[PDB]
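Peer 1: For reference, the chains in residue letters:
Protein chains: 10
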Amino acid sequence: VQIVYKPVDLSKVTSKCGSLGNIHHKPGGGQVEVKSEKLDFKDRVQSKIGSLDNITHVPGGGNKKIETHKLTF
Amino acid sequence: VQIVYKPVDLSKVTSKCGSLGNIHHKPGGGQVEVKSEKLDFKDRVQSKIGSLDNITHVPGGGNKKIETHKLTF
Amino acid sequence: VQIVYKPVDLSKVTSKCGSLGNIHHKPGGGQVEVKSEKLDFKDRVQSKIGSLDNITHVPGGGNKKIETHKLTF
Amino acid sequence: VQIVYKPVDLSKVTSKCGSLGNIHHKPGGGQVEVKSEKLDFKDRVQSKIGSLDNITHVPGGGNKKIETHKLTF
Amino acid sequence: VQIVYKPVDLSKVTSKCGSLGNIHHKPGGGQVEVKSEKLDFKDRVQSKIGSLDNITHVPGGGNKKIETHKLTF
Amino acid sequence: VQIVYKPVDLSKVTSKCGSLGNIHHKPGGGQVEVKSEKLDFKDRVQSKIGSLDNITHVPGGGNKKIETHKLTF
Amino acid sequence: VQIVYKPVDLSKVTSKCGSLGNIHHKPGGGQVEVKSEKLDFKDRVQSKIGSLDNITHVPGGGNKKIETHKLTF
Amino acid sequence: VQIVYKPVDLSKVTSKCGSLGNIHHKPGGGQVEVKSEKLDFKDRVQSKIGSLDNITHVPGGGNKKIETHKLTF
Amino acid sequence: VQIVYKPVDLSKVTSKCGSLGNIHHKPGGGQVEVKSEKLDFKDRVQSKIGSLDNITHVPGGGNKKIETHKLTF
Amino acid sequence: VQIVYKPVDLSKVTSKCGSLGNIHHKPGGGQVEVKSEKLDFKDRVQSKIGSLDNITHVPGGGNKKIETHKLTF
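Chains as they are written, first to last, in the entry's author numbering: chain I, 306 to 378; chain G, 306 to 378; chain E, 306 to 378; chain C, 306 to 378; chain A, 306 to 378; chain B, 306 to 378; chain D, 306 to 378; chain F, 306 to 378; chain H, 306 to 378; chain J, 306 to 378.
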């Protein structure tokens, strides 16, 4: 048997911004509490427990491009 | 048997912005509580327990493009 | 047997914005409580328990394009 | 047997905006409570339990385009 | 046997807006309560339990285009 | 002229409580707004403007006794 | 002229409590706003403007007794 | 002229409490805003402007007794 | 003219508490804002502007007694 | 003219407490802002501007007694 796999891609992902400006992010603080006797995790776990966070993700043009090229028998 | 797989793509993903401006995000704080005796997770778990977060995701043009090219027998 | 697979795509995804402006997002804080004795998760679970969050997702043109190209016997 | 699969697409998805303006989103806080003795999830579950959130998704032109190209025997 | 599959598409999805303006979304807070002894979910479940949320989805032109191209024996 | 003023009082004000118990007062938050150009107050004014309060007055027996003894010509 | 003023008082104000207990006061937060150009107060004013407060006044027996003994010509 | 002023008082103010207990006061945070161009106060003013407070006044028996003994010509 | 002023007082103010206990006061934080161009106060003013406070006044028996004995011509 | 002023007082202010206990006061932090161009105070002013405080006043029996004995012509 014969297989040919030549997927072509000629693509653009473009972002044009003149100016972002004055981003103000001032969060007031809260309170967080957790109480859990026994905890048992296994096999590829990614958890977040009792967390009070604040993020400001201001990329000056942040673009993604994902591809996946699978081939199996 | 014979297979040919030459999918072509010539695509644009464009964003044009003159100016974003003054984004104000001031959250007042809250309160969060959890109480759970026994916790048991397994096999590819991603959890969030008792979290008080605040995010400001202001990309200056944030575009996605996803493709998946699967081939199996 | 013979197969030919040459799907062509020449597509645009465009966003044109002159100016976003003054986005104000000021949430007042609340209260959240959970009490659950035993918790048992398995096999590709993504959960959110007892969370008080606030998000401001202001992309300056945020566009998606998704494709999936499957082929099997 | 013979198969030919050459679906062509030449499409636009366009958004033109002069200016968004002054979006005000000020939610007053509430209260949320949950009490559940035993919880057991399995096999591709994505849940949200006891959550008090607020989102402001103001893309400056946010457009989608989805395609799915399946072929099987 | 012979098959030919060349569906052509040359389509536009356009949105033209001069200006959105002043969108005010100020929700007063409520109260939510749930009490459920035993919970058991399986096989591709996506649930929301005891949630007090507020969303403001103001895309500056947000358009969709979906296609599905299936072929099987 | 002659005046005699000997008002006698031998009074009890009693409260007997065995046990108060579990008083739960969890108010959900609201929103309040006021807009008033010019405000002019004088001469023994006690006002409350634009206030979102919550009180829990649980005295373990709270009793009043008031008297006023006036005499004039 | 003659005046006699011998008001007698032999009074009790009593509170008997065995036990108060578990008083829970968890208020969810709200939002308050005021906008008033010109404000002019005079002569014994006590005001409250734009206030979001929470009080828990749990005296273990809180009793009042007031008297006023006036005499004038 | 003659005046006699011998007001007698033999009074009790009593509070008896066995035990107060577990007073929980957890207020969720709110948001408060005020905007007032010109402010002009005079002559014995006590004001509160733009305040987000929380009080827990738990006296172990807090009793008042007030008297006022005035005499004038 | 003759005046006699011998007001007698033999009074008790008593508080009896066996035990106060476990007072929990955990306030979540809020946000407060004020903007006022010109401020002009005079003559015995006591004000509070833009304050986010928290008080826990737990006297182990806190009692008041006030008297005022005025005499004028 | 003759005046006699011999006001007698034989009074108790008592507080009896067996034990106060475990007072927990953990306030979450907030945010406070003020902006006021011109400020002009005079004549016995006591003000508080832009203050984020926390007090725990736990006297082991804190009692007041006030008297005022005025006499004028």
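Treat the hints with care, since some could be wrong.
[What the hints assert, rightly or not] Think about it this way: if two alpha-carbon atoms lie no more than 25 Å apart in a straight line, the pair counts; the simulated DSS-like pairs of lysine-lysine are:
| no. | chain 1 | residue 1 | chain 2 | residue 2 |
| --- | --- | --- | --- | --- |
| 1 | I | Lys321 | A | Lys321 |
| 2 | J | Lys340 | F | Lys343 |
| 3 | A | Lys321 | A | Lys375 |
| 4 | B | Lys370 | J | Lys321 |
[Claimed, not checked] Have a look at the derived ranges for each label pair, beta carbon to beta carbon:
| no. | chain 1 | residue 1 | chain 2 | residue 2 | range |
| --- | --- | --- | --- | --- | --- |
| 5 | G | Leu315 | A | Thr377 | 22 to 32 Å |
| 6 | I | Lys343 | A | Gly323 | 40 to 50 Å |
| 7 | J | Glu342 | A | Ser316 | 53 to 63 Å |
| 8 | I | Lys343 | C | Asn327 | 43 to 53 Å |
| 9 | C | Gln307 | A | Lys347 | 40 to 50 Å |
| 10 | A | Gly323 | J | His329 | 53 to 63 Å |
| 11 | A | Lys321 | E | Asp345 | 45 to 55 Å |
Since the hints were derived computationally from the structure, they do not count as laboratory data.
Where a beta carbon is used, it is the ideal one built from N, C-alpha and C, also for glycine.
Peer 1: Next, verify each hint and record whether it holds.
Peer 2: To see whether the hints hold, each was checked on the structure:
{"no.": "1", "hint": "I:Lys321 x A:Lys321", "verdict": "holds (19 Å)"}
{"no.": "2", "hint": "J:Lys340 x F:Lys343", "verdict": "holds (13 Å)"}
{"no.": "3", "hint": "A:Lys321 x A:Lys375", "verdict": "violated (33 Å)"}
{"no.": "4", "hint": "B:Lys370 x J:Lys321", "verdict": "holds (23 Å)"}
{"no.": "5", "hint": "G:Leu315 x A:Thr377: 22 to 32 Å", "verdict": "holds (28 Å)"}
{"no.": "6", "hint": "I:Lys343 x A:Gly323: 40 to 50 Å", "verdict": "violated (60 Å)"}
{"no.": "7", "hint": "J:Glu342 x A:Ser316: 53 to 63 Å", "verdict": "holds (58 Å)"}
{"no.": "8", "hint": "I:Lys343 x C:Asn327: 43 to 53 Å", "verdict": "holds (51 Å)"}
{"no.": "9", "hint": "C:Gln307 x A:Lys347: 40 to 50 Å", "verdict": "holds (43 Å)"}
{"no.": "10", "hint": "A:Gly323 x J:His329: 53 to 63 Å", "verdict": "holds (57 Å)"}
{"no.": "11", "hint": "A:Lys321 x E:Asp345: 45 to 55 Å", "verdict": "holds (53 Å)"}
The structure fails hints 3, 6 (numbered hints given earlier, in ascending order).
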